[PDB]
Amino acid sequence: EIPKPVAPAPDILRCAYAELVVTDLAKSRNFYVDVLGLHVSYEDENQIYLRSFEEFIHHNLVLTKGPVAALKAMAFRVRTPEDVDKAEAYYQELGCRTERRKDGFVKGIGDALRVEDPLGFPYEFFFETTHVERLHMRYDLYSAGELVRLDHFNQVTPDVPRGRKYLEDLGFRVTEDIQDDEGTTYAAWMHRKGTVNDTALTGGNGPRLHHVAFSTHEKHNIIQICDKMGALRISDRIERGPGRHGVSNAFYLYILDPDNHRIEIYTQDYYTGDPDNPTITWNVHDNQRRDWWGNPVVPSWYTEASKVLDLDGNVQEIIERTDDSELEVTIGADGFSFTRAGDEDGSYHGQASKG
Amino acid sequence: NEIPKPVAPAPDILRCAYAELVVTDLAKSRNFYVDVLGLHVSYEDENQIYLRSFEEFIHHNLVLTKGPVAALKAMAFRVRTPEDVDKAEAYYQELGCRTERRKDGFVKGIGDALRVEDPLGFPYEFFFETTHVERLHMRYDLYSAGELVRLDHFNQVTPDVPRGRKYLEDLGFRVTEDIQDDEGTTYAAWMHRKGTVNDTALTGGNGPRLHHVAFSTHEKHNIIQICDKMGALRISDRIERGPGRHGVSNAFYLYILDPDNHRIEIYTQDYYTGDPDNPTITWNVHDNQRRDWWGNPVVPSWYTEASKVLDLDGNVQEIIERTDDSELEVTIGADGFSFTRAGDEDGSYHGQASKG
Amino acid sequence: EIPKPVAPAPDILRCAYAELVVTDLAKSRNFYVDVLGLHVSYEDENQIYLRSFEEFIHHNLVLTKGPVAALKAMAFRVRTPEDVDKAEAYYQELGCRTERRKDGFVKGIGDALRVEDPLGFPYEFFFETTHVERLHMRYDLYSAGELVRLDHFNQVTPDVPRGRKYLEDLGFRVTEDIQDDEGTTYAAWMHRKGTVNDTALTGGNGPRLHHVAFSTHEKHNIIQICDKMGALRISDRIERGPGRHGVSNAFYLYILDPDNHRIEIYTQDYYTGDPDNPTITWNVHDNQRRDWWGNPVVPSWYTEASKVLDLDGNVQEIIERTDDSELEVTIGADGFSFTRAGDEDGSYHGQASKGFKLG
Amino acid sequence: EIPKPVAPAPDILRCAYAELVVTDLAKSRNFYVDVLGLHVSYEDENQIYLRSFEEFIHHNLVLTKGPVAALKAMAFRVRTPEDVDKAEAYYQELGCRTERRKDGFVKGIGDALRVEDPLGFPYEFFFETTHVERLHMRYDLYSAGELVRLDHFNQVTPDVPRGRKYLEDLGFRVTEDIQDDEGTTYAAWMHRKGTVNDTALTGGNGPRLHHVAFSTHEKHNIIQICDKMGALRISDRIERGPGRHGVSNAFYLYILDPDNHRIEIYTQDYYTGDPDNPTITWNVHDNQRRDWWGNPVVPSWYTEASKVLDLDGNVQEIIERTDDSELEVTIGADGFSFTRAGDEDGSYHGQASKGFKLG
Ligand SMILES: [Ca+2]
Ligand SMILES: [Cl-]
Ligand SMILES: [Cl-]
Ligand SMILES: [Cl-]
Ligand SMILES: [Cl-]
Ligand SMILES: [Fe+2]
Ligand SMILES: [Fe+2]
Ligand SMILES: [Fe+2]
Ligand SMILES: [Fe+2]
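So the sequence lines, in the order shown, correspond to chains A, B, C and D. Residue numbers for the first sequence follow our numbering, beginning at 20 and rising by one. Residue numbers for the second sequence follow our numbering, beginning at 4 and rising by one. Residue numbers for the third sequence follow our numbering, beginning at 3 and rising by one. Residue numbers for the fourth sequence follow our numbering, beginning at 3 and rising by one.
The hints are simulated quantities; they were obtained by calculation from the structure and are not laboratory data. Worth double-checking, as some hints may not be accurate.
[What the hints assert, rightly or not] Listed below are several chain B residues computed to face chain A (Cβ distance under 7 Å; list not exhaustive):
#, residue
1, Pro71
2, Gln292
3, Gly339
[Unchecked claim] Coverage of chain D stretches by chain B, computed from C-beta distances (three or more under 8 Å per stretch; other residues unrestricted):
#, segment
4, 42-52
5, 55-61
[Claimed, not checked] Distance ranges between label pairs, derived from CB positions:
#, chain 1, residue 1, chain 2, residue 2, range
6, C, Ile4, A, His150, 49 to 55 Å
7, A, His150, B, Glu308, 55 to 61 Å
8, A, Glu20, B, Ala345, 53 to 59 Å
9, A, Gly374, B, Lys169, 55 to 61 Å
10, D, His133, B, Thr134, 41 to 47 Å
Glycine residues also receive a C-beta, built at the ideal position from the N, C-alpha and C atoms.
Start from the sequences and build out the full structure, keeping to the hints where you can.
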């Protein structure tokens with residue numbers, strides 16, 4: 020168990036940006052700018068800084084050239100400058116390695132703390148950031164597939180209850196989860212900003228970054244991304260979807276960048292800001308929990324995820340999940356799922372749905 | 004074995020107009036088509052339900068007829084003039100097909116009508132006269148989040164596509180898109196009268212069988228809603244394939260299964276084909292974007308399962324086996340192949356379907 | 003000027019519901035349930051309790067039969083039970099009339115405080131509420147015009163800065179406003195929940211309630227409401243829109259219920275939850291500030307609003323605005339607006355945009 | 003009355019393109035290409051050739067530099083090369099001036115006939131055209147406001163019945179019209195391709211060109227054009243809309259190019275291809291006939307339209323309408339409109355709907 024510090028938790032506003040190490044900057048730029056339409060906040064020969072349509076902070080995504088593609092930092096904005104001090108004291112009490120840079124790690128961020136958190140993830144906490152032109156009414160720039168906000172992150176970690184309790188202590192509230200009757204937890208979603216998630220835990224070998232998610236305004240914007248990828252003859256980089264999620268109720272798509280970093284496109288989840296927001300638990304065998312339409316979840320979605328770095332920039336060693344595998348219990352040889360609980364019609368045994 | 008072109012002039016066909024489907028439980032079928040899908044009842048009794056789409060003014064687009072064996076009974080096309088029903092009768096007689104003409108129609112809301120057993124074993128109807136009903140196109144008080152606005156097309160399973168294609172072209176259908184390979188095989192063709200990608204289409208397989216009937220929505224989110232509704236009704240297992248973007252036709256689509264496994268496509272936003280030199284588009288059968296533009300795999304049931312069709316006595320037509328190569332086998336079977344980019348091994352699939 | 007209490011402000015989560023007095027319950031039910039598709043939580047011969055598609059608290063709207071159509075209460079949910087005590091102490095320090103009921107004023111609300119606030123508005127603060135089936139995935143019920151959330155209120159008050167200062171002390175943060183070059187404020191929007199607004203102030207004679215706003219998922223859902231109103235041959239109850247707002251950037255529509263209570267339908271504003279969220283100030287003469295496409299603002303939008311009640315159920319006396327009128331300075335016979343600041347081309351003098359004058 | 007020729011009518015497929023004369027080619031290019039996103043088939047110092055997303059013929063719009071902005075030709079594609087001969091013979095029998103160019107009037111069109119038609123309009127008929135890359139799946143190019151098709155033209159002409167008969171003889175079928183109870187026709191819509199219209203007649207002084215219409219896939223695409231015009235601070239070039247039409251049931255928008263040529267953006271009308279398609283007749287006083295939501299029709303919509311040229315390139319003289327004016331009888335001083343037939347409630351006397359009067 021990760022104990023609760025006596026030091027007060029930092030007041031976390033939201034997920035704010037991710038720094039991804041990429042191997043070929045120009046190829047990554049083509050994907051995130053030319054295909055996906057993110058907006059350039061700064062670039063040079065080593066980094067590209069990108070933001071979504073409605074953002075006013077400096078960036079939502081930093082692409083950093085490096086030898087090994089990996090998550091370098093998942094950053095959360097905190098409410099006040101003093102909250103960076105709180106974060107430092109909190110993680111120090113947890114016994115975690117921390118690094119404070121009063122002038123930031125990346126451009127357009129000021130005083131910032133990076134930590135190797137108890138689950139092995141590189142978290143950053145910052146308040147100070149350079150404001151930029153908020154493009155929310157720049158419809159002269161608006162793409163048919165426009166990405167409008169950074170929505171969340173999703174982390175692969177072996178022991179979901181352990182991570183959950185740690186995030187709850189940090190002030191994240193669980194909105195949805197997936198469990199079975201035997202008591203295993205397979206996934207949880209948790210928030211600060213009053214949407215279904217800011218970060219999420221997916222049971223698996225970790226620490227690995229499952230995905231970063233961006234929002235669109237409407238469902239047709241997501242469709243357009245798929246349509247554009249077909250036109251560019253990169254439909255093989257569409258991993259899963261588009262679909263309606265069970266968990267979150269959002270319309271979604273998963274796609275793969277040039278280093279196989281997974282990006283979710285997402286819209287139209289619901290408000291979770293009330294403190295007694297009802298928590299929704301789905302059964303792992305419910306074939307509408309992930310895709311509400313019952314489309315099968317391809318195995319790669321369960322098994323593949325990005326490396327993460329420590330504060331020296333080396334790859335974090337991975338810890339194998341010992342709890343039951345969601346893949347194995349649903350679509351593996353001894354797995355099953357149902358459409359209607361208790362009905363063998365519309366159930367799937369030892370394979371996935373739809374055929 | 005080639006179907007000759009008649010001396011007799013072809014009838015001037017306007018469009019696909021309605022299908023008569025035999026169903027086994029009229030109440031279960033009513034629940035699907037009316038309560039789930041929202042089609043509008045023009046007339047019903049204890050034996051039949053007459054249904055129309057939101058923008059239709061002719062009596063119906065779908066007749067559900069209770070019967071012992073679920074099947075297609077008639078696929079009907081409307082012709083331009085009452086004289087065109089005469090033309091149709093002379094045309095099919097010269098083809099040596101069985102015909103039956105009724106001056107007062109075979110179903111309610113249709114007048115003088117010709118039914119035929121066509122050269123591919125399908126029950127075609129041709130009619131002009133039909134009872135006009137209230138066009139509900141501005142009845143936004145009734146409009147469903149999933150509203151089906153038009154009948155768009157039919158799709159027929161037949162073993163020899165080129166043979167069927169020539170016959171439909173002589174009848175005045177123009178081919179808009181097709182799927183072929185590098186070895187002389189045709190796997191599918193789409194052909195039209197009304198200036199959309201199709202009014203009917205041919206899918207290579209054992210036949211005659213009816214592959215599907217397609218209805219249009221206004222917008223893509225209407226199709227998404229049908230999927231969402233089916234999830235809420237906990238009948239997502241009746242979603243067969245999709246939603247997706249087609250390669251062929253460029254339409255947004257969904258395939259669902261009614262209670263007798265009759266396949267319904269929901270469809271929107273294909274393109275205009277009414278110019279007589281409309282460019283024909285041919286896809287290679289191994290192109291993994293040809294059916295679903297996003298490269299999502301086509302489930303085997305889509306290729307193997309289709310509805311029975313009846314002859315004019317109401318008996319099931321015998322199924323003739325396809326001997327040409329199978330689209331399923333050559334793309335997703337154990338010796339199958341598909342590509343994302345022609346000539347690129349990366350994003351290609353050997354002996355398996357796309358996406359894992 | 004309204005002083006800042008020493009007592010701490012209650013921690014307000016969001017707007018939560020309004021209680022509207024309506025004169026004919028059956029006609030109001032037809033509007034809100036049959037036309038708009040809101041979901042019934044409870045009803046009887048006296049009241050109808052309604053919620054939006056994604057709501058889990060008991061209701062977003064209470065329709066209460068009474069003799070005089072009016073706003074009876076604008077209710078905000080607070081973070082904890084103890085925040086209701088805080089609300090009570092805060093408004094007592096302000097010298098406002100308060101009434102506390104441990105078992106609520108309306109069904110499905112528990113311990114609740116109502117106040118006649120400094121601007122004359124009946125505010126409620128509550129934490130306790132009866133949870134109901136959250137209908138967010140009930141696509142078997144989902145209509146083509148589905149109202150998915152309660153988004154905000156908008157209040158007519160004569161002195162906007164006075165009201166704004168008071169709301170800021172309550173914890174609301176201003177997101178956008180409308181001003182002129184000579185220091186007059188015409189409107190302000192302010193939030194708790196991290197959207198553009200939870201309540202807003204429109205300059206005018208008050209206290210009156212300008213509107214209550216509900217969200218849709220998508221723009222087409224708003225279009226459908228218009229389409230449906232056309233099919234029902236009640237297009238005369240479409241007051242204004244549909245449009246794209248300047249302020250808020252939301253897609254919008256304003257419609258009128260059977261007692262002329264104004265309802266806004268709204269979608270796709272932006273996130274405001276960061277504490278240094280950039281405020282946006284528009285010039286009153288900017289013809290894209292209200293409708294981004296430049297469509298004229300109908301004069302009834304500026305002049306008409308609902309009565310509000312005091313805690314005895316009597317109508318609050320109206321105080322006249324003395325600051326300049328937005329209607330007069332933009333679309334009246336001495337008014338003007340521009341498309342491009344400083345450009346005579348695309349400017350309008352003594353009339354509204356698009357070729358119309360006031361009727 | 004225009005007689006029906008003995009000579010057979012050409013078989014017309016559809017509206018195909020317009021040639022518009024523009025005064026400043028770079029300005030016009032900025033509008034059609036940079037604002038609206040049309041695709042360039044060809045250009046030089048004198049002309050720009052543009053097509054929609056789904057087109058395979060060479061172009062849907064030709065912009066031709068000249069001294070006087072005007073419609074130079076409205077072009078219809080015919081079914082066969084032999085139909086161009088039929089057109090020549092048909093119009094010659096009608097007593098009309100004709101000009102035949104075996105290699106076309108504009109690039110990418112072959113054998114073509116231009117005519118000064120009986121209503122004074124420059125019509126072109128052609129079959130031969132250079133095919134180009136059909137961009138219908140080029141989602142790498144697809145704009146958020148993408149114009150996917152050319153849909154129709156709309157002509158202003160003083161005597162609608164006279165024009166309607168002539169177009170019916172040419173094979174167009176009337177889908178909808180607007181009349182009153184005193185024998186006046188104010189407008190008619192008529193088709194060949196199986197949509198509500200390929201061309202239409204609007205009562206007024208003429209010949210003038212009312213608009214050219216392009217379609218989008220979905221309603222949000224039209225919304226985006228408005229939004230973009232707001233961002234470019236050219237909302238003054240949005241004339242009317244967006245709305246839902248009564249006539250056609252389409253979602254619509256009217257905008258004005260740099261020479262005040264009016265462009266409609268349009269989506270989701272219905273299928274008219276059956277020969278007994280029911281003809282819908284709206285009453286001119288029905289306030290849902292033009293905008294289904296009851297929004298008022300701006301006076302410029304009724305009064306302003308583009309000049310048209312003769313075959314010499316000179317402007318056609320305008321003949322005044324003597325039949326009653328739709329503007330006058332609906333929104334003018336002695337005008338009337340209703341929301342519900344026979345109901346005074348929701349009716350408008352001597353002014354426009356929604357609280358406006360003529361400027
Ligand atoms: Ca009259
Ligand atoms: Cl999922
Ligand atoms: Cl397909
Ligand atoms: Cl406004
Ligand atoms: Cl109109
Ligand atoms: Fe996610
Ligand atoms: Fe189909
Ligand atoms: Fe509002
Ligand atoms: Fe038009």
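Taking the hints in turn, this is what the structure says about them:
1. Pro71: Interface hint status for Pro71 of chain B: violated (23 Å vs cutoff 7 Å).
2. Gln292: holds (6 Å)
3. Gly339: Violated, because the Cβ-Cβ distance from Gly339 of chain B to chain A comes to roughly 15 Å (cut-off 7 Å).
4. 42-52: Per the Cβ count (0), the hint is violated.
5. 55-61: Holds, because 3 residues of the segment 55-61 of chain D bring their Cβ atoms closer than 8 Å to Cβ atoms of chain B.
6. C:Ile4 - A:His150: 49 to 55 Å: violated (31 Å)
7. A:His150 - B:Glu308: 55 to 61 Å: holds (58 Å)
8. A:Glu20 - B:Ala345: 53 to 59 Å: holds (56 Å)
9. A:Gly374 - B:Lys169: 55 to 61 Å: violated (34 Å)
10. D:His133 - B:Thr134: 41 to 47 Å: holds (43 Å)
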